[PDB]
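Chemist: Next come the chains, spelled out residue by residue.
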Amino acid sequence: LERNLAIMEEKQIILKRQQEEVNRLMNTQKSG
Amino acid sequence: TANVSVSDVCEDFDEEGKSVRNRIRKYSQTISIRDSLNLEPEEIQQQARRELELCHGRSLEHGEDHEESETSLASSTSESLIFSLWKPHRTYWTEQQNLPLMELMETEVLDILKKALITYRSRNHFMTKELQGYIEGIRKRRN
Amino acid sequence: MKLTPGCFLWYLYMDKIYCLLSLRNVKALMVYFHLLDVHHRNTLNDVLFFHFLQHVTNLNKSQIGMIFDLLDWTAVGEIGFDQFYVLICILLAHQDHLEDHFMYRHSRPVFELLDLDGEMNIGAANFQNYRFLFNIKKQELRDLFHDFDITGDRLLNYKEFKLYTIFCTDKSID
Numbered sequence: 284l285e286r287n288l289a290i291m292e293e294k295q296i297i298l299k300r301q302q303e304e305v306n307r308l309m310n311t312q313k314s315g
Numbered sequence: 038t039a040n041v042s043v044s045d046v047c048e049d050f051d052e053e054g055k056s057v058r059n060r061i062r063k064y065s066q067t068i069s070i071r072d073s074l075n076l077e078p079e080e081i082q083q084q085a086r087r088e089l090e091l092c093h094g095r096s097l098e099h100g101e102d103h104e105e106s107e108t109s110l111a112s113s114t115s116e117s118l119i120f121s122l123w124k125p126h127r128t129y130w131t132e133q134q135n139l140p141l142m143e144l145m146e147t148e149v150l151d152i153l154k155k156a157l158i159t160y161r162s166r167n168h169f170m171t172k173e174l175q176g177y178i179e180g181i182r183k184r185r186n
Numbered sequence: 001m002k003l004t005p006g007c008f009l010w011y012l013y014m015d016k017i018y019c020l021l022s023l024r025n026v027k028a029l030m031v032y033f034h035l036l037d038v039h040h041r042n043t044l045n046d047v048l049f050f051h052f053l054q055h056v057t058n059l060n061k062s063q064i065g066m067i068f069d070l071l072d073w074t075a076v077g078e079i080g081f082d083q084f085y086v087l088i089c090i091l092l093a094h095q096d097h098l099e100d101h102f103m104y105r106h107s108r109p110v111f112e113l114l115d116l117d118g119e120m121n122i123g124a125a126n127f128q129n130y131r132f133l134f135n136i137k138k139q140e141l142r143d144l145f146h147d148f149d150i151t152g153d154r155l156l157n158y159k160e161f162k163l164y165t166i167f168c169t170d171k172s173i174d
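As they're listed, the protein sequences go chains C, K and I.
To convert, take the position in the first sequence, counting from 1, and add 283; that gives the entry's author numbering.
All the letters of the second sequence, read from the start, carry residue numbers 38 to 135, 139 to 162, 166 to 186 under the entry's author numbering.
Take the third sequence: its position 3, counting from 1, is numbered 3 in the entry's author numbering, and each next residue is one higher.
Take these hints with a grain of salt, some might be off.
Claimed, not checked - Once the Cα atoms are required to be at most 25 Å apart in a straight line, the calculated BS3-like pairs of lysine-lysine come out as: (1) K:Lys155 / K:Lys172; (2) I:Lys162 / C:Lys294; (3) I:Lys27 / C:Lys294; (4) C:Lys313 / I:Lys171; (5) I:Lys27 / K:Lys183; (6) I:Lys2 / I:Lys16; (7) K:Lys172 / K:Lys183; (8) I:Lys138 / I:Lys159; (9) K:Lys55 / K:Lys124; (10) I:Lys61 / I:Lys138; (11) I:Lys171 / C:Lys294; (12) I:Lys61 / K:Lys183; (13) C:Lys313 / C:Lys294; (14) I:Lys2 / I:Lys27; (15) K:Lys155 / K:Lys183; (16) C:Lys299 / I:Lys2; (17) I:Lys16 / C:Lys313; (18) I:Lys27 / K:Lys124; (19) I:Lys171 / I:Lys137; (20) K:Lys183 / K:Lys124; (21) K:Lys154 / K:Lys172; (22) I:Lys27 / I:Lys16; (23) I:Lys162 / I:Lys16; (24) I:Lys137 / I:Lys61; (25) I:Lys171 / C:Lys299; (26) K:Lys183 / K:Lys154; (27) K:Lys172 / I:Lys61; (28) I:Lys137 / I:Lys16; (29) I:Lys162 / I:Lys138; (30) I:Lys138 / C:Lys299; (31) I:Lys16 / I:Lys61.
To be clear, the hints were calculated from the coordinates, so they are not data collected in a lab.
Assemble the whole structure, with the sequences as input and the hints as a guide.
Modeler: If you want it as structure tokens, here you go:
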């Protein structure tokens, strides 16, 4: 279970970084 | 002995439109002056580099292409390769602007090829292997 | 015909996946293949392939032999022009650091090239062969292997490989 918890946290952090990158790219697109 | 028409080596090939022919004349004059003054080869290359930069460095306001070219020339690796392309082009124009050898050289090239092909088509002998070695040697030296 | 329709489509894809398309890249590789192929069989014998890499990339002959085996999936004992063209494209100025980011992006398969077996799972030996082709510390390779191997089966499946490549690419861009 502990291993499961670690893997799901890492997956959620991957999703968080993807969302952050897309948001910054959209900001650059709009502001440019 | 380029054996390339003058009309090809100087089609004002420079991508920016500055004629090749005017650049050549400027370098020819610079070198003639510098030879009289006995400028060292390193100094000559530095001056020639600067003139290439300036030819591309004509006001950078007249099209973005000049800024990208001057910038590329500003770096050291690309500049060495760009300069070294234009230098032999300039040379080829000069020498062509100013046959038995070409016939000999073409003959030697075909003689070598016929032998290379026969060898490849033809087998576990040292001599065959030695020759294959020399052939790769000549092709690499030529390249 | 632009050196055939398929090559032109690959060139458009290469331009899309490369920041600089460059000038006559396909023609230069084709000319190199023609110089090696004096016979013009459209295939290159091992000696020609090994010599060209020694002449330009100065690669170890044993390393070139492993590269020849990976490129020669047909295993006919000869390298096809397309395989030779792909191999030069795979190196793409390998010494340059910028190429390493492009190398991580790989190609449309993005995992098939690493998986020599083709079973959809990459063996440790296949990773070691890739490490010989692309310089990476053995300890660093082990650390990357452990991070990808959540299962503990010591195999990389395609979805995990795609995610692992994406995470590294995002970190490199950052």
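Chemist: Okay, which hints does this one fail, numbers in order?
Modeler: 3, 13, 16, 28, 30 and 31
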